[PDB]
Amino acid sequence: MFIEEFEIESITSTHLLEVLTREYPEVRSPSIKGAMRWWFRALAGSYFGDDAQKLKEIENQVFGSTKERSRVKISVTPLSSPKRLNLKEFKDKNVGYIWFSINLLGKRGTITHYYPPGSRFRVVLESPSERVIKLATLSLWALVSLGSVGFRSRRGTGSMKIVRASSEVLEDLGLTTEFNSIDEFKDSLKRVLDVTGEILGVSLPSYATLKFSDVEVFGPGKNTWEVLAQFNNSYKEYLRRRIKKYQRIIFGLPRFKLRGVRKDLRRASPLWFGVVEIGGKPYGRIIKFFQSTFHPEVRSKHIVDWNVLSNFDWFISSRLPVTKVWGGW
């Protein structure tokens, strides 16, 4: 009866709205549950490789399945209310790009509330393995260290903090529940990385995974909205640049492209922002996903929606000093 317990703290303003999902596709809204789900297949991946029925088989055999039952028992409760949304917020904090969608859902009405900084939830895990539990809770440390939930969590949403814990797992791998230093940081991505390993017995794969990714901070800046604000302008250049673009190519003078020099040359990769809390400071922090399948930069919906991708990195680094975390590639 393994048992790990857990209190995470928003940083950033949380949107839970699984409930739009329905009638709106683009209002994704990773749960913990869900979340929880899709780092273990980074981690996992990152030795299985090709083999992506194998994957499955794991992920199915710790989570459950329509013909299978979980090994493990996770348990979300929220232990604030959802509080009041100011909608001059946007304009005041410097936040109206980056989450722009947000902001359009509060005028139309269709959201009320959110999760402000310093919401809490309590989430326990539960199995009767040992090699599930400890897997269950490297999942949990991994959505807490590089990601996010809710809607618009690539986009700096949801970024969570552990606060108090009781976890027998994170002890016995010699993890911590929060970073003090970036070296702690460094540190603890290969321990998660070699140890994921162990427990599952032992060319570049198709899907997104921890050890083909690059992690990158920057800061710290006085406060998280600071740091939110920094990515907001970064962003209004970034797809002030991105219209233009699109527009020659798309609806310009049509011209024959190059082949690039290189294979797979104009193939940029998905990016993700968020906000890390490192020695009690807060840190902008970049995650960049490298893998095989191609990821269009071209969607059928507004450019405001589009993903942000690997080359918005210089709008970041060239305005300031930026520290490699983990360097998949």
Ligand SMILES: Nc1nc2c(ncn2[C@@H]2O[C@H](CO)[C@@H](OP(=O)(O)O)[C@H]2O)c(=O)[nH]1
Contents of the next structure:
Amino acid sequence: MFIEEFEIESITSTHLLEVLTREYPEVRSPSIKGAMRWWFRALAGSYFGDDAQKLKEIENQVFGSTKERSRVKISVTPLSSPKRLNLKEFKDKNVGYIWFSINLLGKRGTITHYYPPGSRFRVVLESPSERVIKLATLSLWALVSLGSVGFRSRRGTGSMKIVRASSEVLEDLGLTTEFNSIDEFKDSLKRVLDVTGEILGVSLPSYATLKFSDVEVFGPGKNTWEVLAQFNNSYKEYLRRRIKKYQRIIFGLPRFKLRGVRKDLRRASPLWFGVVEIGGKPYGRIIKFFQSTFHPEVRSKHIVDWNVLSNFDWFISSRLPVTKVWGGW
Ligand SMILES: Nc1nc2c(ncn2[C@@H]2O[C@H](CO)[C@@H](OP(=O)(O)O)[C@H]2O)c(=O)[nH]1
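Go ahead and give the structure of the form deposited with guanosine-3'-monophosphate bound, now that the form deposited without guanosine-3'-monophosphate is out.
Okay, now the whole complex, with that chain kicking things off.
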């Protein structure tokens, strides 16, 4: 009768908008249960061949499906009340470009509240199986350390941290609920890769995985807002250059492109960023997911909605010193 309990707290503003997703599909807002499931496939998947079939077998065997009951019961409870959103703060705090789609929804009045930094949430994992309560907790751990939840969370919203917990599974694995140093970060990542393999038993894949991903940090900043604002300056220059670039390519003079001297040269990979707390101080966190399946830079929708790609790392690392936490690449 296993049970893991956690209290997580927002580091950056968190927008949980599952509700808007039926009318507006641009408003993808992954929940905690949602994002845990994702991170599981990115831990496990570091061990499966390009064997999507088997990964789906294990994934459904843990989290459940339409033809299966879950072996783990994930209970999430807000402990804070949503606060009224202050549209004045995007100009004031210099987050006007990264969180543009939020400000837009705010001004239209589609959203009026949000969980501001400090909001707490209780997550409680229960399972009769030990193999399962270990995999579920690594997923939650991965979510907090490398991921995010909510609308625009791959751009700094929904960054989380653990403030109190009662985990017999992290104790067992020799893991922490916080990072006192960067070396702690590095070591735990390594540890999570190794332990995940064993629990399961026993050439790059098509899906995103933790094994094949770069993780970088920088700072510390004075506060969380100073970090976010750095991303916002960097993104703005990215966006300026990007717009100029794609009007050249798509609508300018027709030119015949040359095949790259290296296979899959212009296939740039997804990049999420956020805010991690290391030693009590705020760091910018960046993660790049390298895989084989393709993802076009070019989608039918406004270019301020286009996914940020790995070629963005320049616009941070050329402007302030960056530290590599995880080098798989
Ligand atoms: N953990 C996490 N996953 C996300 C976030 N945004 C999108 N995703 C997941 O990653 C993918 C990025 O588009 C999405 O589809 P996918 O499930 O097909 O991989 C989604 O499930 C996020 O902010 N956090």
